[PDB]
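Shown next as structure tokens: one chain only, the form deposited without its partner chain.
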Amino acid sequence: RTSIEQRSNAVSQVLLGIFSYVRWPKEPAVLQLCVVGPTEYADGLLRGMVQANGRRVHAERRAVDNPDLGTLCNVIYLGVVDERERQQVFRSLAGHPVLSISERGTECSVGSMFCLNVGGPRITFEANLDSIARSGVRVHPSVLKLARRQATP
């Protein structure tokens, strides 16, 4: 099976994929990613990233209970938080144009737009239509080409 470092490297490439199907009403010069909560696979992200057009993705960790997350970032990578913490996070994001992605595949029921599944041979993901719809960003539907091909041996 795949090692942690292998998976971490893949997670950032999947994230770059997802980002390509997403549009922010006010596109920043630098995309800001916040990592929130304990994570296993964010060490790659946290080195910062570059998109194909050369836009930099700056990444940093932030407290679960920071009330300004909606304002402080364009993207959130959500780690393994509890019911009360998760509610805090998605309350803070409501109203703002933020893309949310969870490290684990259980947060798609509770507010995350995309949920990663890092086990198995490839990284796959699922998405939630309700959360996408209320998000404030636009997500091209082809984003699922990425998930489907990822789930194909």
Contents of the next structure:
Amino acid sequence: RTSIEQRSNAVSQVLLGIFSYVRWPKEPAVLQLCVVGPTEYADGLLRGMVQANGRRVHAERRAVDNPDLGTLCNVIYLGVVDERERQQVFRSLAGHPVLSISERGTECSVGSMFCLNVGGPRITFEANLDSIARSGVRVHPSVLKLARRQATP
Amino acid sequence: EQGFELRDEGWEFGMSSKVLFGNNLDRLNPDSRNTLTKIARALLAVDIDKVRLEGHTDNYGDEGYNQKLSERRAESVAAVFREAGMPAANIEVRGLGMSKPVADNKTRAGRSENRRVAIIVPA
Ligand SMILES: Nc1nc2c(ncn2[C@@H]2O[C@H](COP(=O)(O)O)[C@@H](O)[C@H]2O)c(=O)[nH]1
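Next up, the form deposited with its partner chain bound in place of the form deposited without its partner chain?
Shown next: the complete complex, the earlier chain at its head.
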């Protein structure tokens, strides 16, 4: 197996990859990343990041019952939420171009575009394209190579 | 982060790509039939050969019926993926019925967006 430490930094790297396949219709100068709810592996991202394309990632932890999440965040990394909470949050985002990614990969039928599988020898994710199509951000299909590049030994 | 080099080519996951169904219908208007072929071709070109298809209904109806409805919707989409190259076994079919909405069923709009198949790509 691995370490919480290591795995955190891994979430950092796989996130950063996914960002590169995404397009905001009105691309902001600083990408705003909102970590929302209980997380195990968002410590890394919370340190902040910078993209390969110059842009810095400004990351804060945010509250589930914030209504204006959708304008406050370009990227939401969603933590542990019950079904009701999850609904609230996605009503917060509904409309606004916001990418969405879960720490856990059990909740991928409605809600997030990407769902991570983080325990285990490599990080993968499930992808929901209805969710993606609904997002209002442009996501390129070749991003799906990030999930199986590590699912392949 | 190789995704930055991507020009205008192959962005087949836009708003148009939603797979929606008419009230009580479980068969794909040729608009969506094509949408799907695009998608299914798009998945194959990146060496993904396996997906899970989850069907949903809106609100009207009793659950049992809508469950059965949703499954059919899913299987109608599966056939396209089959006709596009994907091994049928690599195509999981699930029916979630009215249980898991993505929109307000208290609204006509919402209900349309709920009668959908959702393509999920597993890792
Ligand atoms: N890479 C990149 N492409 C952009 C940017 N702004 C606009 N575009 C272009 O906007 C187009 C998307 O058009 P739309 O999806 O709205 O129909 C693409 O051609 C996309 O490249 C940008 O800031 N960066």
